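Engineer: Listed below are the residues making up each chain.
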Amino acid sequence: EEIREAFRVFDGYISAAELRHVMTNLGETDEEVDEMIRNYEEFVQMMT
Amino acid sequence: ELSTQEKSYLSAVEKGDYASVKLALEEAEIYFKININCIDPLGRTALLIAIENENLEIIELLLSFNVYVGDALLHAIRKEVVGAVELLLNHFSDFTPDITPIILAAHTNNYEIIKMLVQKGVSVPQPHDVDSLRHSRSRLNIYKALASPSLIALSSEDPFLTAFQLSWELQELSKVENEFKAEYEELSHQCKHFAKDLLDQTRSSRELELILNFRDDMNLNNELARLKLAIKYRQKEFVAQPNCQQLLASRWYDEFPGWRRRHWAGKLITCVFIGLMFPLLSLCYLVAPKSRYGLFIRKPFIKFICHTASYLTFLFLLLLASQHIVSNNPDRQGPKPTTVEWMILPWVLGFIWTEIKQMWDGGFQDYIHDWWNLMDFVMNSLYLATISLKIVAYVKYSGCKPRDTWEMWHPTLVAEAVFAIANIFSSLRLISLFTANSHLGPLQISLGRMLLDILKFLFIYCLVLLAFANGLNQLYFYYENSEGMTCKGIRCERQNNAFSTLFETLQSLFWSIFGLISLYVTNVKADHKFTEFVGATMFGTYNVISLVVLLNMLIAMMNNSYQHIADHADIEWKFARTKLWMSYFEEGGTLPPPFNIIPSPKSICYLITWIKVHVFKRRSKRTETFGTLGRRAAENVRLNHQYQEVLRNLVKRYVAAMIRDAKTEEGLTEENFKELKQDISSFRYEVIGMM
Ligand SMILES: CCCCCC(=O)OC[C@H](COP(=O)(O)O)OC(=O)CCCCC
Ligand SMILES: [Ca+2]
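Read top to bottom, the protein sequences are chains E and A.
Under the deposited numbering, the residues of the first sequence are numbered 84 to 94, 99 to 115, 118 to 127, 138 to 147, in order.
Under the deposited numbering, the residues of the second sequence are numbered 28 to 118, 136 to 172, 186 to 277, 283 to 753, in order.
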């Protein structure tokens with residue numbers, strides 16, 4: 084368990104449209122940042 | 028099975044004639060006076076004859092006149108003819141029924157043929186039965202198909218990993234089959250050469266570091287992950303590559319450039335300096351590894367020097383543990399530890415702790431795989447037994463007793479004996495360091511790689527020893543002869559009762575191989591001369607079998623063994639040296655054993671949390687510890703794309719250097735002569751026809 088805590092980012100379904108800037112506000118393009126997803140509720144499971 | 032009209036037709040094909048072949052083919056339509064797809068006295072169809080000689084023109088005539096193709100495609104694959112295959116694609137057998145065109149094409153490792161078949165969408169099965190040879194042949198054909206370098210270049214998005222898992226599969230399966238072991242071992246060695254030749258095509262250190270530094274992230283750097291994986295697959299010819307070894311050597315001597323100005327004594331003084339210097343060089347890293355000298359031991363070569371210096375000080379304390387300048391009174395049952403023993407004990411704990419640490423990362427999987435690891439495990443177990451026996455002596459010994467009156471099987475004596483055996487193992491264990499030195503390295507490796515033969519042959523030696531011990535005891539069973547033989551046994555001043563029991567007979571038969579036994583052990587306290595004669599004859603037969611037959615056979619066996627472990631004594635030595643180096647690369651047990659047990663600055667913050675695993679504090683590690691966005695994939699994706707581009711370049715270079723160095727560099731066989739002859743013949747026939 085110990086899941087559903089990291090959803091404290093601004094969203099609520101999550102797609103690739105709104106996260107590109109999220110890792111750009113604190114990070115630094119489309120052709121590779123898009124793959125971070127590459138749908139909802141899969142990033143807290145199968146992490147261990 | 029013959030004729031006179033069609034034999035002219037096959038002859039006109041075989042000689043490359045064109046007008047006659049066209050005439051015969053066109054005349055076959057109106058009159059059935061010829062069978063087009065007939066068989067010559069050797070077993071060749073007209074189409075197959077044209078394929079065998081690369082005469083594509085007659086091939087396309089036959090194809091346009093609907094001759095029975097049958098399996099002529101496979102025969103075109105064998106002759107690796109590209110034009111005939113291209114013309115055949117746009118359209136009782138001689139082969140095992142399970143062979144597909146792509147399998148056979150992979151067998152020949154021909155790039156122009158694999159290229160075309162894959163574009164047509166062919167596929168290869170993947171392995172894991187009342188009959189057995191069909192299945193076994195199918196499995197071997199499959200492996201030999203996808204073990205071809207040409208096919209790995211087309212498929213296999215990760216050629217290194219593919220070759221690695223494939224070598225592992227075939228190495229582990231050459232024992233499961235055990236009847237085709239030669240073929241499977243050959244294929245595994247072939248794909249190992251493929252991996253090495255693919256690494257060889259790098260052209261820049263930048264191109265090399267990415268290859269060696271790559272691994273699956275899965276949200277779990284540059285610590286040579288691919289290289290450790292290659293070690294894990296026993297890929298000993300991939301890590302013996304020149305420039306890879308150059309990278310490792312550069313990363314081993316990072317503390318100081320050069321190391322080539324060194325000579326007979328230049329390197330000795332700088333290493334002896336650090337070997338003396340390791341105590342405070344270690345303490346500095348222990349307390350303040352910030353900027354001054356803590357990073358000086360973190361560097362790998364310095365770590366090696368400090369470790370071997372700590373081992374040598376351990377051995378010095380062990381030798382000095384027997385001098386009388388420090389030894390306690392012998393006439394003292396279970397004495398308190400001597401000051402030298404107090405110094406020694408931290409090394410014992412350090413070695414035990416480092417071996418537990420090593421166990422806790424291999425999980426008894428590679429732990430047993432290293433014979434050095436087994437030796438040091440038994441050494442530490444003997445140390446543990448020594449400590450336990452010494453303390454259990456100390457709890458009730460009360461001292462004040464001469465050693466000549468101690469009862470047999472007393473804890474102090476057994477503790478001393480175990481301590482001595484452990485000293486033997488400890489002083490032996492430094493042989494492993496000789497893998498680092500470029501001169502005792504290969505020699506020590508060859509020592510290791512004929513120890514198995516000595517074990518095999520020593521088993522037979524022990525069987526023979528047991529046989530002769532059986533007989534000799536049967537013979538001198540009754541002459542007990544212990545009426546005046548003070549200190550009975552083989553190991554006396556007179557060698558009495560050597561064969562009076564099974565243990566002493568085993569022991570006497572052992573010593574006789576060294577000559578340290580004498581005759582007149584075979585005598586008996588009576589005039590029974592026939593018993594003495596037959597006993598002496600049995601003893602002499604044993605000696606002849608051992609020292610003239612068996613030992614000479616051992617020599618003649620290891621002679622050829624060494625003759626067959628020198629071809630890869632360098633590559634295997636470099637693999638062992640790399641295995642030793644990478645043990646010191648990581649920032650793990652950087653602290654030599656004397657300065658290892660010393661607790662960490664926290665020492666109460668990591669042990670407890672790892673101890674909180676049987677309670678609810680095991681789950682309090684992935685919820686509050688991690689709460690960030692995990693911004694790593696964007697770096698991971700770019701890294702993977704860069705590595706894929708590097709692989710693409712390496713593969714293209716490997717192809718361009720396998721076609722131009724192996725295809726055009728082999729011999730000239732009779733078939734090529736026949737093709738050239740028939741080219742000339744067809745030329746003559748056509749120019750005759752045009753006039
Ligand atoms: C292979 C077993 C040979 C017999 C060993 C043996 O003990 O017999 C030795 C006999 C008699 O000597 P002993 O029996 O040993 O006292 O002399 C020889 O025949 C020498 C032949 C020398 C042959 C090398
Ligand atoms: Ca070890």
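Hints in this document: simulated from the structure, not taken from any laboratory.
From the three backbone atoms N, C-alpha and C, an ideal C-beta is built for every residue, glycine too.
Wrong hints could be hidden among the right ones.
[Said to hold, decoys possible] Below 20 Å or equal to it, Euclidean Cα-Cα: the simulated SDA-like pairs (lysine to any residue) are:
(1) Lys683(A) <-> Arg87(E)
(2) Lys550(A) <-> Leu444(A)
(3) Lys679(A) <-> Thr147(E)
(4) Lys679(A) <-> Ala103(E)
(5) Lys232(A) <-> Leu197(A)
(6) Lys683(A) <-> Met125(E)
(7) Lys42(A) <-> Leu29(A)
(8) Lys294(A) <-> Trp225(A)
(9) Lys679(A) <-> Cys667(A)
(10) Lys679(A) <-> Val92(E)
(11) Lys587(A) <-> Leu612(A)
(12) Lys683(A) <-> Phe93(E)
(13) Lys329(A) <-> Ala287(A)
(14) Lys736(A) <-> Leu29(A)
(15) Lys683(A) <-> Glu84(E)
(16) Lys679(A) <-> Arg87(E)
(17) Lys641(A) <-> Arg263(A)
(18) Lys674(A) <-> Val143(E)
(19) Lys683(A) <-> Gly99(E)
(20) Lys683(A) <-> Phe90(E)
(21) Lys294(A) <-> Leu197(A)
(22) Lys42(A) <-> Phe59(A)
(23) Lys683(A) <-> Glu115(E)
(24) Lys294(A) <-> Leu69(A)
(25) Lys290(A) <-> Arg263(A)
(26) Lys674(A) <-> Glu84(E)
(27) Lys683(A) <-> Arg107(E)
(28) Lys679(A) <-> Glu141(E)
(29) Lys458(A) <-> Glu478(A)
(30) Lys683(A) <-> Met146(E)
[What the hints assert, rightly or not] From chain A, some residues computed to sit far from chain E (all C-beta separations above 12 Å):
(31) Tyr58
(32) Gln222
(33) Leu381
(34) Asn435
(35) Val480
[Unchecked claim] The calculated label-pair distances, taken between Cβ atoms and stated as ranges, are:
(36) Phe142(E) <-> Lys664(A): 55 to 61 Å
(37) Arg87(E) <-> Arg693(A): 17 to 23 Å
(38) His703(A) <-> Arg87(E): 42 to 48 Å
(39) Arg681(A) <-> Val92(E): 48 to 54 Å
(40) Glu243(A) <-> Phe142(E): 34 to 40 Å
Engineer: Run every hint past the structure and note whether it holds.
Structural biologist: A quick look at each hint next to the structure:
1. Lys683(A) <-> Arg87(E): Holds, at roughly 14 Å.
2. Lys550(A) <-> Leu444(A): violated (30 Å)
3. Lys679(A) <-> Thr147(E): OK: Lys679(A) and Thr147(E) at ~17 Å, within 20 Å.
4. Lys679(A) <-> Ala103(E): violated (35 Å)
5. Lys232(A) <-> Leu197(A): Given pair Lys232(A), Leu197(A) holds - Cα atoms ~14 Å apart, limit 20 Å.
6. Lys683(A) <-> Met125(E): With Cα atoms ~23 Å apart, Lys683(A) and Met125(E) exceed 20 Å; violated.
7. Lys42(A) <-> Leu29(A): Given pair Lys42(A), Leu29(A) holds - Cα atoms ~19 Å apart, limit 20 Å.
8. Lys294(A) <-> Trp225(A): holds (10 Å)
9. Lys679(A) <-> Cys667(A): Cα-Cα ~13 Å, so holds.
10. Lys679(A) <-> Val92(E): violated (26 Å)
11. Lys587(A) <-> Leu612(A): Violated, because 33 Å separates the two Cα atoms, which is more than 20 Å.
12. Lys683(A) <-> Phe93(E): Answer violated: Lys683(A) to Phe93(E) is near 24 Å, above 20 Å.
13. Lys329(A) <-> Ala287(A): violated (31 Å)
14. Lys736(A) <-> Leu29(A): Between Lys736(A) and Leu29(A) the Cα gap is close to 24 Å, so the pair fails against 20 Å, i.e. violated.
15. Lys683(A) <-> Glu84(E): Status holds; Cα separation ~11 Å.
16. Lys679(A) <-> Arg87(E): holds (19 Å)
17. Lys641(A) <-> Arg263(A): Answer violated: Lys641(A) to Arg263(A) is near 23 Å, above 20 Å.
18. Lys674(A) <-> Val143(E): Given that 20 Å is the threshold and the Cα spacing comes to 23 Å, the pair is violated.
19. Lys683(A) <-> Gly99(E): Since the Cα atoms of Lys683(A) and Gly99(E) sit roughly 26 Å apart, the hinted pair is violated (cutoff 20 Å).
20. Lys683(A) <-> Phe90(E): holds (17 Å)
21. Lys294(A) <-> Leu197(A): Violated. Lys294(A) to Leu197(A) sits at ~25 Å, over the 20 Å cutoff.
22. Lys42(A) <-> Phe59(A): With Cα atoms ~24 Å apart, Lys42(A) and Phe59(A) exceed 20 Å; violated.
23. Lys683(A) <-> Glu115(E): The given pair, whose Cα atoms are some 29 Å apart, is violated under the 20 Å limit.
24. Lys294(A) <-> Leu69(A): This hinted pair is violated, its Cα atoms lying about 52 Å apart.
25. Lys290(A) <-> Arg263(A): With Cα atoms ~19 Å apart, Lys290(A) and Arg263(A) stay inside 20 Å; holds.
26. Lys674(A) <-> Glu84(E): holds (17 Å)
27. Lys683(A) <-> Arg107(E): violated (28 Å)
28. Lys679(A) <-> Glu141(E): Distance of about 25 Å is beyond 20 Å: violated.
29. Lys458(A) <-> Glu478(A): holds (17 Å)
30. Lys683(A) <-> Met146(E): holds (13 Å)
31. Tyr58: holds (68 Å)
32. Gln222: About 23 Å separates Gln222(A) from the closest Cβ of chain E, which puts it past 12 Å; holds.
33. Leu381: It holds; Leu381(A) is separated from chain E by about 51 Å at its closest Cβ, greater than 12 Å.
34. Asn435: holds (30 Å)
35. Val480: holds (45 Å)
36. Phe142(E) <-> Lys664(A): 55 to 61 Å: For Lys664(A) against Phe142(E), whose Cβ atoms are near 33 Å apart, the range 55 to 61 Å is violated.
37. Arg87(E) <-> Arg693(A): 17 to 23 Å: Holds: the Cβ-Cβ distance is about 19 Å, inside 17 to 23 Å.
38. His703(A) <-> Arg87(E): 42 to 48 Å: violated (32 Å)
39. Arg681(A) <-> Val92(E): 48 to 54 Å: Check failed, 23 Å falls outside 48 to 54 Å.
40. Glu243(A) <-> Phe142(E): 34 to 40 Å: violated (47 Å)
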